[PDB]
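Shown here is one chain on its own, the form deposited without the ligand, set out as C-alpha cells.
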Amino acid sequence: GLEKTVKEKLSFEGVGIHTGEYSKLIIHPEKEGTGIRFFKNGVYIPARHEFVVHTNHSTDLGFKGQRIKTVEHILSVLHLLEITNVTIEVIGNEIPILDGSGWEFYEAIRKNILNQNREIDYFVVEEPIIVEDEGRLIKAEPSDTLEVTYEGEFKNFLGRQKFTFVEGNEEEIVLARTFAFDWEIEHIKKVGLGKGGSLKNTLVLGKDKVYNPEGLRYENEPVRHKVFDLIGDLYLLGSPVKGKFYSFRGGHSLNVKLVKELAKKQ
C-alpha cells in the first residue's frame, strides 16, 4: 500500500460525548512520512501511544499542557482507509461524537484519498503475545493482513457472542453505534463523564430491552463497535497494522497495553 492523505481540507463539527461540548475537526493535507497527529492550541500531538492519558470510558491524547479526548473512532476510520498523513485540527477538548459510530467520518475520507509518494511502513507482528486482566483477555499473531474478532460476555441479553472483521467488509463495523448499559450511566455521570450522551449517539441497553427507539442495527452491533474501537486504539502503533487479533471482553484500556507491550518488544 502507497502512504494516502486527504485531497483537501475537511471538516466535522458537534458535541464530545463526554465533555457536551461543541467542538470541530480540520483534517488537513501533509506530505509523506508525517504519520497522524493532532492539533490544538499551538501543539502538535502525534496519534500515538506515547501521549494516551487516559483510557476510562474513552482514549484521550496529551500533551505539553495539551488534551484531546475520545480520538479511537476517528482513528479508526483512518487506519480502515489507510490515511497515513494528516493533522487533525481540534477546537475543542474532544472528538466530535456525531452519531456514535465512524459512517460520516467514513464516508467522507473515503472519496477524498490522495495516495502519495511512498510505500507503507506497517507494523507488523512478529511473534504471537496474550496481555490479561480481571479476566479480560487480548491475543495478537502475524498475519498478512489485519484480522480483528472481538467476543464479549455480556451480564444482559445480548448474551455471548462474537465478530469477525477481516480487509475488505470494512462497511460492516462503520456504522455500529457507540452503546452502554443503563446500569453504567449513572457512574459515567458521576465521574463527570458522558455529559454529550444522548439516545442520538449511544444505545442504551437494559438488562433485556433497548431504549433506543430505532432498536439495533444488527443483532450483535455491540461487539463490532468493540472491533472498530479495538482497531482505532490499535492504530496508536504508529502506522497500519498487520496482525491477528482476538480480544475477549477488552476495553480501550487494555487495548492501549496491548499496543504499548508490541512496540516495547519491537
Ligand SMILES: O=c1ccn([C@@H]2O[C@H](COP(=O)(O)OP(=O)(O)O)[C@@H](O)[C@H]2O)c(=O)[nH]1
The other form holds:
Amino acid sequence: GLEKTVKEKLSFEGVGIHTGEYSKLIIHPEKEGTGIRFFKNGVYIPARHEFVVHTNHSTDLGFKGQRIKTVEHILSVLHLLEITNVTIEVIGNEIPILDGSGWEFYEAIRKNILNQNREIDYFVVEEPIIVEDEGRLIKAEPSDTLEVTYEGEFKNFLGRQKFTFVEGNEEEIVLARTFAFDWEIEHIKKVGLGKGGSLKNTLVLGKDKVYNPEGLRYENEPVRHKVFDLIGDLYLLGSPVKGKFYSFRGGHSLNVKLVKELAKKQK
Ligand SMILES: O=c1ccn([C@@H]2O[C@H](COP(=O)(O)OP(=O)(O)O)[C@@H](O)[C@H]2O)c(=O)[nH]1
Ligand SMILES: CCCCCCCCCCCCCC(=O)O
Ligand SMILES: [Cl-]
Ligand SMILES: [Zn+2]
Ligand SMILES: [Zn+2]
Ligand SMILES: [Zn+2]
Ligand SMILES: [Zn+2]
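So that was the form deposited without the ligand. Now I'd like the form solved in complex with the ligand, please.
Following is the full complex, with the preceding chain placed first.
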C-alpha cells in the first residue's frame, strides 16, 4: 500500500474520559516519511513504544515533560486506515473520548485520505512469540495480512467469548465502545481517573446487567472493543503491522509488553 495522509486539517473536541477536562484535536497533513506524531505545547511526541509512560487504564504517551492520555482509539483508527504521516496537535491533556468508540474519527478521516508517493514500510512479524502475565496471554506470528483475535473470559454474564478482525472488516470494530464494570468504578475514581466517564461514553456492566438504556450494539461488543484497543497499541511499533495475533484476556499493559518484545527482537 502507499503512504497516506489527510487532505486537510480535521478537528475534534470533547471531554477526556479520565481527566474530565475539555480538549481539542487538530489533525495536520504531513509529507512522506514523517510517521505518526502528537504535538503539544511545542513538543513533538512520536506515536512509538519508547514514549509510553502509563498503561493501567489507558495508553499514555510523554516526552520532555509533556504528556498525553488515552491515545489508543485515535491510533487504532489511523492504523486501520493506513494513515502513516500526520501530526495530531492536542490542546489539552487527553484525547477526547467522544462516544467511547472510533466511529467519529473513522468517518471523518476515511473521507479525507490522500495517497502519497512512497510504498509503506510495514512492521512484519518474522517469527512466533508469546508474552504472558498472570493468566493473560498474547501471541503473535507471521502473516501477509493483519489478523487479530481477542478471547475474553469475564466474571459477569459475558462469560467466555471470542472475536476475530481480518483486513476489510474495519466497520465491524470501529463502533464498539469502551466499557467498565460496576465493581471497578471505585478503584478507578480513587486513583484519580474516570472523571469524564458517563453512560454517553462508556458501557457500564454489572454481574447480570447493562446500565446503558441503549444496551449493547453487539452481544460481544466488549470483545470487539478489546480487538480495537490492541490494533491501536500495535501501531506503537511505528509502522502499520503485518501479523496474526491472538489475545487471551489482554489489556493495554500486556499489549505494550508484546510491542516492546517485538521491537527489540527487531522485525
Ligand atoms: O477477559 C478479561 C478479563 C478481565 N479483564 C480485565 O483485567 C482485569 C483482571 O481482573 P481479574 O478477573 O483477573 O481479577 P483481579 O485481578 O481484578 O482481582 C479486570 O479488571 C478486567 O477489567 C480483561 O481485560 N479481559
Ligand atoms: C456512569 C459513570 C461511571 C463511569 C466511570 C468509569 C470510567 C470509565 C473508565 C474506562 C475503563 C478503562 C478502559 C481502558 O482504557 O482499558
Ligand atoms: Cl491504577
Ligand atoms: Zn503497496
Ligand atoms: Zn488501577
Ligand atoms: Zn483503553
Ligand atoms: Zn478502548
